[PDB]
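**Student:** Work out the full structure: start from the sequences and follow the hints.
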Amino acid sequence: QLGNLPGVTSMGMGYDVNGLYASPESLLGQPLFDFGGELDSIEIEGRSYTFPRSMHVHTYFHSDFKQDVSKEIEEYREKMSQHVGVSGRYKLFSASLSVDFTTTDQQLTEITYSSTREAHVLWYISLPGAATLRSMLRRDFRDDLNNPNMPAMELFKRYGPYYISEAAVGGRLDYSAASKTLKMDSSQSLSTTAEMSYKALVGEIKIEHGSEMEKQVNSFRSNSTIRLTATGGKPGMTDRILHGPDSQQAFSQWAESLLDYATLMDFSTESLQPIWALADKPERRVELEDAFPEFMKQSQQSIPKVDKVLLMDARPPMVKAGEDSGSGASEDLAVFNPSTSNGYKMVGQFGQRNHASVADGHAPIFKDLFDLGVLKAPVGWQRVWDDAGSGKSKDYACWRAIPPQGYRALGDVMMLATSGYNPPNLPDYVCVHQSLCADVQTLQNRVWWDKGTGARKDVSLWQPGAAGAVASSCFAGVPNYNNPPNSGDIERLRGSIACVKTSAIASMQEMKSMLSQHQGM
Amino acid sequence: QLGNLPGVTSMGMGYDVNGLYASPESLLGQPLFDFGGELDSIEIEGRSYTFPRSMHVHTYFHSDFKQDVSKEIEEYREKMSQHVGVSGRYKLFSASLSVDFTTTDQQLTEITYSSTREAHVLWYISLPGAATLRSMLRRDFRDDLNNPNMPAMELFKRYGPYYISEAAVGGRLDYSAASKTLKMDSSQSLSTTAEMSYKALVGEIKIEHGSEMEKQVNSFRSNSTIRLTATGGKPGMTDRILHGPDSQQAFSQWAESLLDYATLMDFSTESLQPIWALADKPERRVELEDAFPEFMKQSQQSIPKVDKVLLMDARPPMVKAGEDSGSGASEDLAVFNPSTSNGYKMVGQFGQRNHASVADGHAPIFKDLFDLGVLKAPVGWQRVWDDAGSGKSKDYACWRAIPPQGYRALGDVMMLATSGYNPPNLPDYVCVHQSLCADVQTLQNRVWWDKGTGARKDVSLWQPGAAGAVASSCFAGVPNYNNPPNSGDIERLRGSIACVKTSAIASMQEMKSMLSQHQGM
Amino acid sequence: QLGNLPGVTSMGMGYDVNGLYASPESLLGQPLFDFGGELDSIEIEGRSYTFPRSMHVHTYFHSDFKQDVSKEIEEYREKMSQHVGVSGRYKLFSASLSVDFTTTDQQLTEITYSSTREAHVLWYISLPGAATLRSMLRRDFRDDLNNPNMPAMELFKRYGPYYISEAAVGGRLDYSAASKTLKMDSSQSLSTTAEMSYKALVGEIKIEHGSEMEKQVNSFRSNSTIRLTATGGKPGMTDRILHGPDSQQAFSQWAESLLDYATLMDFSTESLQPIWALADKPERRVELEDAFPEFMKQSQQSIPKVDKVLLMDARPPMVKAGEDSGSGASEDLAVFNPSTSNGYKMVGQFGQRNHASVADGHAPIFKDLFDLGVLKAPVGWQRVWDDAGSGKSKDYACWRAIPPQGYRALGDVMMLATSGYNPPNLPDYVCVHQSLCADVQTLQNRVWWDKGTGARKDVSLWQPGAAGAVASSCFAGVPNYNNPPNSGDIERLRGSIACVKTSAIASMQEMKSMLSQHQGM
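Residue numbers (this note's numbering), protein chains in the order written: chain A, 1073 to 1593; chain B, 1073 to 1593; chain C, 1073 to 1593.
Since the list gives no way to pick one copy over another, a pair counts as held whenever it fits inside one copy or between any two copies.
In silico SDA-like cross-links for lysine to any residue, where the CA-CA straight-line distance does not exceed 20 Å:
#: 1; residue 1: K1353; residue 2: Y1121
#: 2; residue 1: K1306; residue 2: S1126
#: 3; residue 1: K1353; residue 2: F1133
#: 4; residue 1: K1306; residue 2: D1112
#: 5; residue 1: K1306; residue 2: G1109
#: 6; residue 1: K1306; residue 2: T1081
#: 7; residue 1: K1353; residue 2: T1131
#: 8; residue 1: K1306; residue 2: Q1073
#: 9; residue 1: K1306; residue 2: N1076
#: 10; residue 1: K1306; residue 2: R1210
The hints are simulated quantities; they were obtained by calculation from the structure and are not laboratory data.
**Tutor:** Structure, rendered in C-alpha cells:
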C-alpha cells in the first residue's frame, strides 16, 4: 500500500490479537486490501505526506496517557484488552506480558502489575467500514475468506481474525512495573506513584530531593521490577531513558525523532475489526465468528500462580527463653524461642507446662522466599497480662506483637522472671500478611495459666487453630480462666492474632517440588 | 451532486452551533469542500447507496441512549454541549431550549430540565481530518478563509465557525421534560424516572399497573411539561407517540420509516470541527479562533430566572386563636391566625403579650404562584412546651410544625385553654422550601413566657430573624427563660425553623412588575 | 524498519541474475544484511522519506534511454548483460527473453531483436562496499557464507550469487520488438525506427501524417511482434500505451505516477555485486567464485534456432517455356519452368541441350514458410544476351532477374522464339536473400551457347555452384564462349547471381522433422 505517510503500511493488515499491544511486530504478512492508487496529501512541518484517499488521516500532535494497574494478573490482562475493538471480554495481547514483566513476577502472588503508557500520537489513520472494504479485498484473501472449505483456524492463522482498521501513529513508551506493594509505604495509590516515577524519568516533572514524592517514587523503584519498552521512535533509546547517563535528553531525542520513526503504536475502540464481517455470505460470517472462541482457547488460560510463598522449617533449634520460677503460679511454665538465620523468622514462642531445659516441641520459623514482604516486623508489643498484685519481687508477663497495618501475629511471647516489665527483644520476630492467614477459630490444649500467682489480672495460654491453618505450635493469651475459651475470647483475637494457612506454606522439599512445575524459576 | 446515501448532503457543511442539536435545520448554506466527483457504492440491507469516495461510512443499526439532566438551566445547557467537538466550555444549541421547554419553564426556578434522547443510528458518515481537507476547499471558501482582510465575523456568518465532520444518520427522539421535582415523591432519581417513562411510552418496557414504577412515572408525567421532538424519520409521528391512541405502534412506524426518512441526527466527540483549523497560516488559524468568543457572546447570556416565587400578602385579616386565660402565667398571651384564601397560606401565628380581641400586627401569608411546590403542608406537629405540672384544669401548649424533608417552618402555633393537648388544626398552614429560607440568626422582642404557670417545662416565645429575611411577624418557642437566647437556643432551630428570604418574596404589584420583564408570562 | 523510501526493500537482496532485467520480481527471499535501525530523512519533491543511514541516496530526476539491438539472439543477450556488475562475459537475464519476445521469434532466424528501454530514474540507492558490508551480515547468511562445508550451489540457491548493491529507482518501459527486417523497406537503421516508434507512441515526438518517418514506423510495427513491459509505475498501463485509445495520455499518467509507484528498475555498472566478496577467508571467496560457471551452465545454453527457412519442393511439375528453333544456333536449347502454387516460388529455369517436350530434370521451387521475407520478387529484368544480328525474324534472349537490394537470383530465364524482346512474365519468380545464399564459385556442365546463330553478342549457359550450396538445377549466362569460364566471368555474377545454401533449405519431410524438435511451433 501506497504513499509515504508513516503508518500507511500498517493499515488493513491482519493482526495477531494474542501478540504485542499495538505494535508493528504483531502485524501479519499479507495486506488484505487494495486501497487504490489515488492519493491524498497532508503538510507537516514543510513536507508533504501522501496516503491512499480511501484512508482518513486525523492529525493530533499530542500525548495520550494510559494506565492499567492490578494486584491480580488476570484482571491486568483484561484491563489491557479493553476498548481496542475486540468484542467479547477476551484477554488479548498475551505476548506483551513477557515483554513487560519477568516470567517469575507474572507467576508470583502479592505483585502489582502496572503498565503506564505515554503515546506520542502524530496522527490517526482509519479505514472504511467492513461493507466498503468488501469490494477492496486482495484476490487470495477474498478467495480464502469466502471459500466454505477453508476452515476458520487456517483462515485465522493466514490472515489474523482481526485487522487494523484504525491506528495511532507515532511513538509509545510503556513503563511497566511489577511492584511488591507490601514493601512499599503504601499510603498513596500505586498508579499515581507509577505515573510520577515515569514523569520524573522523562522530565515532565522534577522531583525535589528530600520530598515526600521522592520517598514514594524511590520506594516504588527499589521494590519493583521496571521496564521501558518503546514502540516506534528511534530504536535503542529506552535503556538510556530508564537507567543511563542523561535520561531527559535521551527521552527528548526519542521524542523529536518520532516523525522519522513513527509507527502504529496505539489502538482506540475501533482499531481491531473482525475479518468475518468482510465475508460475502452471512453463513460464512457466522461460522468464522463462532470459531473465534476456539482460536482464542490457548490464549485464555490463566497464568500459573505461586501461592506457596512462605518457606517453613518446622524443626529449628529451640533455645530457652524463661521459666515462671518464683511466680507462685501452681503450674510450671517454660517458653522457648526458635533460633533463626538465613532470613527465616520467628512467629511465636513454644510453651510448656514444666521447667525443663529442653523444649518438648518445635515452633516453626518461616522465610519470605520471594521477598514479597509477606513477613514484616511488628510495630511494637503490648501486654495481654502481667503479675501486678502477686507481690513477687520479679515480674512475669504475656506480650502480643502489635502487627503493622494488614498483618497478623501467630503467637504471643512470655517474659518470665524479669526485673521490670521488659518487653520482648526479638529482632527476628515477624507478623504475617492477612492474605496468608485465617482468623483464629479454636483455642485448645491449654499450655498454662497464672492461677496461684495472685495477680489482679488473669491469663491462660491456649493453642490457636483454624480451618485450613497449620496445626500451631504457639500460644495466645486469653485474659481469664475460661476452659474452654468462649466465642467472645476468640473474637477478641480477630484482626490481631491469626493462624497461618496451609495453602501459603511449604517445607524445603514441598517448595522445590511446587517450584519445579513453574517455568523459569 | 454527492450520491444518494442519506446524510451525505449534510457532510462538510457549516453548522449553526447555536441552533438545534444535530439537526439538518441548523446546517448552513455554503458547501465548504469539493469531495471529488468519484463515488463509492455500497449495499446496506438490500438497498444500494452512493456517496463520495472521500467520505467513510460505518453502518451500525442500533440505538444510542443519552440523558442530560439538571436542576439548573445553565448546567443543563453545558451538559447538552459536551462531547460534540466544540473546544471550550461553551453553551451550544441554544435554539433547542425553546424546542424542548416552554419559555416559562426555562425562566422558572425549582424546575428540573431533562433531555432523554434515543438515537436510532443507521450509519455514521465521516470526513478526512482538517489537514487533508485543506487541499479540498471550494474556491471562494479558500479565498475568504485565507484572506487576512476578510474578518472573522463575516467568515463565520458566511460559512459557520464549525462544520460537520462526522455525523450519525437515522432518526432521533428527544423526550424533554421540565419537571417540578418539589411536587414529585422525590426518592428515585429523576433521570431514571424519565428513562422509564420514555421507555414505557415507546414500549421498550411495560410498567405493571399499581407498581412503584407506575407511581413514580405518573408523578413525573403529571408534574412535568413533556415534549417529544423527532429529528429524522417520518414527520408528524411524535404527537401519536407522546399522547395518542397506540404510542408503541406509532413509535414502531416511525422506527421502521427511518430508512426512507434518515437524516443527520446525532453528534459524537468528533462531529463539529472548526473552520479555523483549515486556514493555511498559523496566524490566521489563531485570529479566527480568537474571534470565536465574540461570535458566541450573545448565545452565552444566561437565561433570565424568576427568583421571586412566593406571592406575599403582609396585611391579611387576623382572627383570634386563643388566650392564656386560666394559665396562671404572669404575662397575658393572645395569638392570632391570618385568614387564608385563594391559595394563600399561613406560615405562623401572630403573638401578643395581652388579652385583646384585636391583633397588634399582622402575620404574612404566602401563595405558591407558579405551583412549584415551594409551599408544602407540614407532616405533623410536635410540642415545644405544655403546661403539665401547673395543675390548671385547662391545657396550654406551644406546637411546631414538623416540616417535610427539605422544608422549614416560619412560626409556631400556641394552643391555649384546651381540653386535652389538642394539636393545631390549620388546613392552610405550610412550610417553605429550604431554598427560599435562611436559618434563624437572631431571636428578639420576646412576646411571652410561661413563668408563673408552674409547669415543669418552660417556654419563651421569640421573634426570629436573619440577614436578608423578611422581618418576621411570627414566633418560635425556646424551652427555657434565657433572655436573650444563646447560640445553643438558636442552633436548636436549625433544620426545623427558618426565616423567609426577601429575594424569594414579592407583593401583588412587585410580582406583576417583575414578571412583565420576562417574555411570555 | 528500513524506512519508507521506495527501493529500500530491494537493497542488499539477492538477485536472480538469470531472471528479469532490473526488476523486483527477480529479488530473492532473505535479506543479506542488517542495515542498522538508524534512519536518515530526505526531501524529494516536497515529500519526506526515510531510509537506513548506511545507504546513500542520490536523487537525479531524469530519463536514460537505452537500446540493445541485434540480428543474432545470442549477441542480443550479451548486449543486454553489459555493464551491470557481473564480471565475466555471461548472458544474463534469460527470463526476460520470453517476457520480451515470443518463443517462436526467439528461435526463428532473420529476426531482429530490439529492446528499447526508457528508464525514468527518480533516485539511486547504493550500499557500502563489500568490505564494509562484511560486518553487517545477517546471522544465518554469515554462517552459510563462511561455512566451508556449505557447498557453493546451495549457497547460491539460498541467497543468490549476486546481490543488489546499487539500483535506479523509478519506472522503466521496455519496448521490445521481434522485427522481420527483410519485409521492412530497410534503408533507415532498425534501431532508429524502433526509437521513433516508441517515442511517437508515448508522445515524445509527433510523426507527421504522410511522412517518410510514418512509413518507416508503420512498416516496423506491422512487420514486428511488439511488447511494452513496465517495471515500476502505475500497473496496467502498458496495454493502453501500446494499443489503446490515447497512448500519449496513458503514458503521461504512468510518468506522473512514478513517485507513488517507484521501484528498482535499472542497473548501473556497480549494481550487482558477488556474495563471494563478502566471505571472510580468501580461500572461500575463491571457491565460491570458481563455482559460478557451473551455477550458470544451464543459463548459458544457446537458444535453439530454425536455420532451415526455405521449404523446398525439388520435383515440381516442369512445363516447357521455349526452344531455340529458328535461332540458327548449332546446339538445341529447351527451357522449362516449374509450376508454382501454395506460396512456392520459382528461382530459375531448367535448361537442356535438346528440343524434347519433357524436361531432363527438375528446377526446385521454394516457399518462405515462416514469412520472413527471405524470398522477394525481382525489381526487374535485364538482358544478358539477345540474337540481334542473327537476322532471324523471331527473337531469342537470356534474361536476368534484377534483385532488390540485399537479394540474389539463382538462375536466368531464356525467352526463345518471341515476337520482340519480351521480358519474362513470371509472377512467382523470386530472388533469395543474401543471408541464405553463397556467391557463385564454379560454373560447370555447360548447357548451351548461341554459336552458329550469328549474333553480335554471345552467350553460354552454365550451371552455377558453391561450397555448401545445393547442386543447382538452373543456369546463368556468361556473355562469351569461354570454356571453362574464368574468374572474371565468375566475378561478374557476384552481387547479382548466387547459389542457395544447403543449411537454409529443407524438403517437406526434413522440415517436419526439424520443426518437431522446436517447442511451440
